[PDB]
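Each chain, written out:
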Amino acid sequence: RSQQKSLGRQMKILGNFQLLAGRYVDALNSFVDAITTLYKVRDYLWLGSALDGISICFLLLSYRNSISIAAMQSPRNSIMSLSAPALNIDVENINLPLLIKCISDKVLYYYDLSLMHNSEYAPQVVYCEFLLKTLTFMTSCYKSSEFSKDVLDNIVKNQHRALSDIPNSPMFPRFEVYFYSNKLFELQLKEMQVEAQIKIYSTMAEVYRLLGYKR
Amino acid sequence: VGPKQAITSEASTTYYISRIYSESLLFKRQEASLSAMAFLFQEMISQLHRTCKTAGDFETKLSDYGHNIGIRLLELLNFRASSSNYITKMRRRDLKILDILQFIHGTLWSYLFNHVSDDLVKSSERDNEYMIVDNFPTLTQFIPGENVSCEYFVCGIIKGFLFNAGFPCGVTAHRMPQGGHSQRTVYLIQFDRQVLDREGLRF
Amino acid sequence: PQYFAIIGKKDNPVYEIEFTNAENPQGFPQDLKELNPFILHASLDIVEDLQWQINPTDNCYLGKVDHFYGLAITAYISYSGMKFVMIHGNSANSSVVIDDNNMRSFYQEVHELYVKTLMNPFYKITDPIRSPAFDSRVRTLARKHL
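The listed protein sequences correspond, in order, to chains A, B and C. Start counting the first sequence at 182; every next residue gets the next number (the working numbering). Start counting the second sequence at 9; every next residue gets the next number (the working numbering). Start counting the third sequence at 3; every next residue gets the next number (the working numbering).
Among the hints, a few may not be true.
Listed next, the in silico DMTMM-like pairs over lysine to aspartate or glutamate satisfying Cα-Cα at most 25 Å (straight line) [unchecked claim]:
| no. | chain 1 | residue 1 | chain 2 | residue 2 |
| --- | --- | --- | --- | --- |
| 1 | B | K61 | B | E51 |
| 2 | B | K104 | B | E67 |
| 3 | C | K11 | A | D271 |
| 4 | B | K104 | C | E50 |
| 5 | A | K364 | C | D13 |
| 6 | A | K395 | C | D51 |
| 7 | A | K380 | A | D331 |
| 8 | A | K186 | A | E310 |
| 9 | A | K395 | C | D68 |
| 10 | A | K364 | C | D101 |
| 11 | C | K126 | B | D65 |
| 12 | A | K221 | A | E301 |
| 13 | A | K314 | A | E301 |
| 14 | C | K126 | B | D102 |
| 15 | A | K371 | C | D101 |
| 16 | B | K97 | C | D51 |
| 17 | B | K36 | C | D33 |
| 18 | A | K330 | A | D271 |
| 19 | B | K97 | C | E50 |
| 20 | A | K380 | A | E357 |
| 21 | A | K364 | A | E310 |
| 22 | B | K69 | B | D205 |
| 23 | C | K35 | A | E367 |
| 24 | C | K66 | A | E357 |
Beyond 12 Å from chain C on every Cβ pair, some chain A residues (computed) [stated by the list, open to error]:
| no. | residue |
| --- | --- |
| 25 | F198 |
| 26 | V222 |
| 27 | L289 |
| 28 | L312 |
| 29 | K364 |
| 30 | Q369 |
| 31 | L370 |
| 32 | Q378 |
| 33 | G393 |
If you're looking for bench data, these hints aren't it; they were derived computationally from the structure. Note that the Cβ used here is the ideal one computed from N, Cα and C, for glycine as well.
Isolated chain A (complex conformation):
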């Protein structure tokens, strides 16, 4: 299990590092200091996609339960960012769809569909984080919460699919299961930190005011 832990920590750090260090703002593309990245105008997370693909493969082969949903978070962030915004119709997510076949939530071929599917997959994997009983991000090691990361997980979910129900009605509609699938705060939420509560209630209120559900 030591090889699984070593590969887990190295793959998570390498996935986040090559994610944030490829195409951070690439509309001027200062090509000097090309050590850590390609950093040209055509450098949009392609090595980050290959590294995240190998990282998700080695994470599924590691077999974690707590840190393993961060691999799905990395692949979902890859297929969101480098296959939506600065995509230029590349969308190289073949091993990402292979990991969707292997772990959870395959069989989708659209924008705002496979992202929702892999979000459900990562939510199920974080539900499968039953009891890690340790410290992984070591900002807090005795007074911390798996609540404090799971609220950030589903608010990433809520901000990244609640806007797709447009406010112009008939343009891009789906069923109003956003409130139905929004009632998921069964957890206690009694003041781990006040600004987490403020941003969670600001977004939870703002989506109801967006969808016209005032009360």
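Following the hints, position chains B and C against chain A.
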């Protein structure tokens, strides 16, 4: 359960059957004469030409009676037609406009005047306007209807059949002799744009 | 621990009442104020955008509809305008029990008590009911179906 007071009360662990006044509500039949109700309507219109200034305010001050009892006739006419009370079910509500103006056409006139108004014509040029014509209006047949201000009992009574139904609606009457049936009155009703646009979301 | 409401068209409660089982002998102490209008105000929101469509043949009765993080709510929509809401549940357990047909024989059964009071021609719309008899009738009509 007063507005000033709270929702406060007591526990369920007793049985207070001290009740006074609750009875049946079924379709009774007593069928008074048209002369009696005609005299009732007659002295009512006499009071309204006494107390009111001009045309349009008298038209509103007639249609308010229909708005008083239109809600009342709506809910138990529906509770008798689409449903003591050993109740099977209560059936479907208003789906759209064209079932609820069928519901005036089906069983409001035959609740009131023992027949059916002869048409429920969807208009040609527009869709917010609709038009029902009664052929020989029963409760105003004696009044010489050259002023058409005397049939706004029934424009008031159908507006309060649709204001509960969620369709706010300008409801007017005109009278037009299109047939050998004389003095037939058209109730050209309108709507507002918004529940027309709530219909206009999907139809 | 049961809480009845009849809430009108312009958000006014024309009849709202609580009662308690004596096996609880009180009701929702310190929770009786968040389980009031705000939860019911959002219940008005969900029956506002649940009535006007055909599809989420019984258009009036709707059963259990939503759930805050302590209990769950039920509903009923009449074509009079009014939207009946009963709020039930012992506060210790998460009360699951929706009987769904015998308390369907409450909503069509309390409906006529609203009907005969609406047929009082002195009684207007958009004003509450201080009947001393119709509120004593309904708890005994809830003595039928607890």
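Going through the hints against the structure:
Distance hint between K61 of chain B and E51 of chain B is fulfilled; the C-alpha atoms sit about 17 Å from each other, no more than 25 Å. With a CA separation close to 28 Å, the supplied pair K104 of chain B and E67 of chain B exceeds the 25 Å bound. Our distance criterion of 25 Å between C-alpha atoms is broken by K11 of chain C and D271 of chain A, whose separation comes to about 54 Å. Proximity of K104 of chain B to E50 of chain C is assessed by CA-CA distance (about 16 Å); at most 25 Å being required, the pair is judged to hold.
Between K364 of chain A and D13 of chain C, the direct Cα distance comes to roughly 24 Å. Compliance with the 25 Å bound is thereby established for this hinted pair. Restraint check for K395 of chain A and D51 of chain C: satisfied, since their Cα atoms lie roughly 11 Å apart, inside the 25 Å limit. Restraint check for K380 of chain A and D331 of chain A: satisfied, since their Cα atoms lie roughly 14 Å apart, inside the 25 Å limit. Note on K186 of chain A and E310 of chain A: the hinted pairing holds, with a Cα-Cα distance of about 15 Å set against a maximum of 25 Å.
For the hint linking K395 of chain A to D68 of chain C, the alpha-carbon distance of about 16 Å falls within 25 Å, and the restraint holds. With a C-alpha separation of about 23 Å, the suggested pairing of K364 of chain A with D101 of chain C holds against the 25 Å cut-off. A threshold of 25 Å between alpha carbons decides the hint, and for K126 of chain C with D65 of chain B the separation of about 22 Å falls inside it, so the pair holds. Between the alpha carbons of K221 of chain A and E301 of chain A the distance comes to roughly 34 Å, so the proposed pair goes past 25 Å and is violated.
Taking the CA atoms of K314 of chain A and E301 of chain A, the gap is about 24 Å. The hint holds against a cut of 25 Å. This hinted pair checks out: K126 of chain C and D102 of chain B have alpha carbons roughly 24 Å apart, not beyond 25 Å. Straight-line distance between C-alpha atoms of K371 of chain A and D101 of chain C comes to about 34 Å, which puts the hinted pair past the 25 Å bound. With a CA separation close to 23 Å, the supplied pair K97 of chain B and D51 of chain C stays within the 25 Å bound.
The hinted pair formed by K36 of chain B and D33 of chain C fails the criterion: a straight-line CA distance of about 48 Å is larger than 25 Å. For the suggested pair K330 of chain A and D271 of chain A, the alpha carbons sit about 32 Å apart, so the restraint of at most 25 Å is broken. Proposed proximity of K97 of chain B and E50 of chain C is supported: the alpha carbons are some 22 Å apart, at most 25 Å. With a C-alpha separation of about 23 Å, the suggested pairing of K380 of chain A with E357 of chain A holds against the 25 Å cut-off.
Distance restraint check for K364 of chain A and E310 of chain A: the Cα-Cα separation of roughly 21 Å lies within the 25 Å cut-off, and the hinted pair is therefore satisfied. Between the alpha carbons of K69 of chain B and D205 of chain B the distance comes to roughly 30 Å, so the proposed pair goes past 25 Å and is violated. Our distance criterion of 25 Å between C-alpha atoms is met by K35 of chain C and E367 of chain A, whose separation comes to about 20 Å. Simply put, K66 of chain C and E357 of chain A have alpha-carbon atoms about 17 Å apart, close enough for the 25 Å limit, and the pair holds.
Every Cβ of chain C is farther than 12 Å from the Cβ of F198 of chain A; the closest lies at roughly 38 Å, confirming the non-interface assignment. Taking the minimum C-beta to C-beta distance to chain C, about 47 Å, the non-interface status of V222 of chain A holds against the 12 Å cut. Remark: the non-interface label on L289 of chain A is consistent with the geometry, its nearest Cβ contact in chain C lying 25 Å away (cut-off 12 Å). Against chain C, the non-interface label of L312 of chain A holds: every CB pair exceeds 12 Å, the least being about 23 Å.
The Cβ of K364 of chain A does not lie farther than 12 Å from every Cβ of chain C; its closest approach is about 6 Å, which violates its non-interface assignment. Distance to chain C contradicts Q369 of chain A as a non-interface residue, since its nearest Cβ pair spans about 9 Å, not more than 12 Å. With a closest Cβ-Cβ approach of about 9 Å to chain C, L370 of chain A is found to fall inside the 12 Å limit, against its non-interface label. For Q378 of chain A, the shortest C-beta to C-beta distance to chain C comes to about 15 Å, beyond the 12 Å cut-off, and the non-interface label holds.
Annotated as non-interface, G393 of chain A brings its C-beta within 12 Å of a C-beta of chain C; the closest such distance is 8 Å.
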